[PDB]
Amino acid sequence: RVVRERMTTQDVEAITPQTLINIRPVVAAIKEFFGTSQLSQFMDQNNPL
Amino acid sequence: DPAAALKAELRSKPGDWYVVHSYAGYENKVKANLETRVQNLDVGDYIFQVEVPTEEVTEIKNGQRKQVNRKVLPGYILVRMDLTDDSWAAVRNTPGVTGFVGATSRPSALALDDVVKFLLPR
Amino acid sequence: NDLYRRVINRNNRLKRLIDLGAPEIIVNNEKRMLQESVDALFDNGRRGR
Amino acid sequence: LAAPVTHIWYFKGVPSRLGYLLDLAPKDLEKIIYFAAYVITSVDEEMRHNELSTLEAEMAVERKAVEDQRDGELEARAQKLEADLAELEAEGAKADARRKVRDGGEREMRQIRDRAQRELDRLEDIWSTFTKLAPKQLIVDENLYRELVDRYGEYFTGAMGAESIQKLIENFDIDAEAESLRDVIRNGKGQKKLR
RNA sequence: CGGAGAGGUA
DNA sequence: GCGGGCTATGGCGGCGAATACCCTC
DNA sequence: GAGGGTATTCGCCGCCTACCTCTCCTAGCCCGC
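Protein chains in written order, with the authors' numbering: chain V, 398 to 446; chain Z, 33 to 154; chain S, 341 to 389; chain L, 97 to 291.
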């Protein structure tokens with residue numbers, strides 16, 4: 398959505414792949430999953446089993 | 033009188049001024065994308081002008097006077113246009129936009145007196 | 341405190357807009373937002389999102 | 097608060113303890129409170145009843161004048177049609193262009209008649225509103241309310257928002273309403289009595 | 001030490 | 001250019017009231 | 001149409017107690033120095 402938005406509000410012949418891509422949403426969703434999910438569970442290490 | 037002069041100027045120009053709602057500081061970006069979509073999407077027949085009525089408040093902060101480009105009516109967009117779903121798309125589907133500020137149910141146009149009042153440099 | 345801040349923000353917004361003068365449409369929209377803010381403060385989620 | 101605000105407990109909590117008090121449907125409160133419709137806080141009756149006949153005469157004059165203007169427009173359109181017929185019969189134009197111009201002219205005449213009917217029905221709607229305007233009535237379509245107030249600024253007062261409901265509560269006696277509900281209960285009966 | 005989530009004991 | 005502050009559809013039962021569909025005047 | 005009598009649908013309310021352990025509690029962006 399961000400890249401489509403920025404695809405219309407920046408002049409041509411100055412756009413490059415690196416100036417349209419904002420990683421933030423992806424690196425944020427990954428952390429959201431690995432910190433604040435019901436399935437990313439603190440591992441049970443009472444005993445090897 | 034600047035008021036009468038701008039009244040006469042805006043009498044002839046096509047399109048009835050309308051109002052749209054934005055998200056706080058996301059206003060100038062809204063007008064940017066709006067008239068850019070006017071240039072690109074081929075809807076120049078609808079949006080004849082986009083204005084963010086804003087008088088820059090030079091206030092004494094941090095020990096010195098500093099201007100704040102507050103949008104007189106914060107969060108609101110004055111856009112001259114016609115009854116067209118295309119302009120609705122180009123604005124309400126633009127970034128930092130919430131919807132058209134209708135009077136009762138559907139979008140309503142500011143009276144020329146108010147738009148002349150708010151488009152006059154303060 | 342967050343909801344109190346929402347209500348106070350909208351109240352000050354609507355106060356400034358009336359004091360400085362504004363078209364009845366904008367003032368009505370701001371009053372609607374103030375109404376929604378107060379409704380959220382007293383009972384959040386009862387009406388709308 | 098810079099503006100009046102309703103308390104959601106007595107508006108949204110089922111049963112709406114504002115709808116029962118004011119005898120308004122919950123949708124009506126949803127609209128009036130959230131600035132989606134105007135409401136007639138009150139309508140003057142004596143200033144209406146005394147001037148009813150005079151305003152009926154004034155509306156008759158107004159409708160006659162508007163109809164005369166429309167008939168003049170139709171006469172101008174008929175003159176245009178006569179000019180078209182003269183042009184057709186002047187030079188050689190066979191059935192193709194004849195039918196083209198005649199269809200154009202009859203379409204213009206139908207457009208004029210549609211404008212006539214729409215204006216007449218607008219005035220009829222205005223008068224129907226005026227002869228039915230009572231407190232606790234929602235006037236949607238801001239354009240209609242604007243026409244009503246511009247043509248008749250007095251004879252009534254309509255507001256919108258929480259302050260309108262505050263006004264309704266102020267102009268609302270509790271004894272007469274209680275007497276009316278008690279009468280509906282003891283006498284009458286039915287779904288009326290249940291409500 | 002207030003919220004959300006997860007796991008667990010009776 | 002970097003730091004800080006401000007804003008933004010796998011529940012289920014009971015119950016009632018806010019509301020579809022049809023006969024009557 | 002108004003009106004009433006029936007249904008029909010949707011919103012809301014309710015869903016044992018007590019206790020132990022752990023991990024996260026914003027993100028984007030716009031203005032200032």
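Source of the hints: derived by calculation from the structure; they are not laboratory data.
Where is the CB? At the ideal position from N, CA and C, for every residue including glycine.
Hints may contain errors.
What the hints assert, rightly or not - Label pairs and their in silico Cβ distance ranges: (1) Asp383(S) x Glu410(V): 39 to 45 Å; (2) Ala182(L) x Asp48(Z): 36 to 42 Å; (3) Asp271(L) x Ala121(Z): 53 to 59 Å; (4) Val110(L) x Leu436(V): 53 to 59 Å; (5) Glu178(L) x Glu364(S): 36 to 42 Å; (6) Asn352(S) x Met205(L): 34 to 40 Å.
Hints violated by the structure (numbers, ascending): When the structure is compared with the hints, numbers 1, 4, 5 and 6 turn out to be violated.
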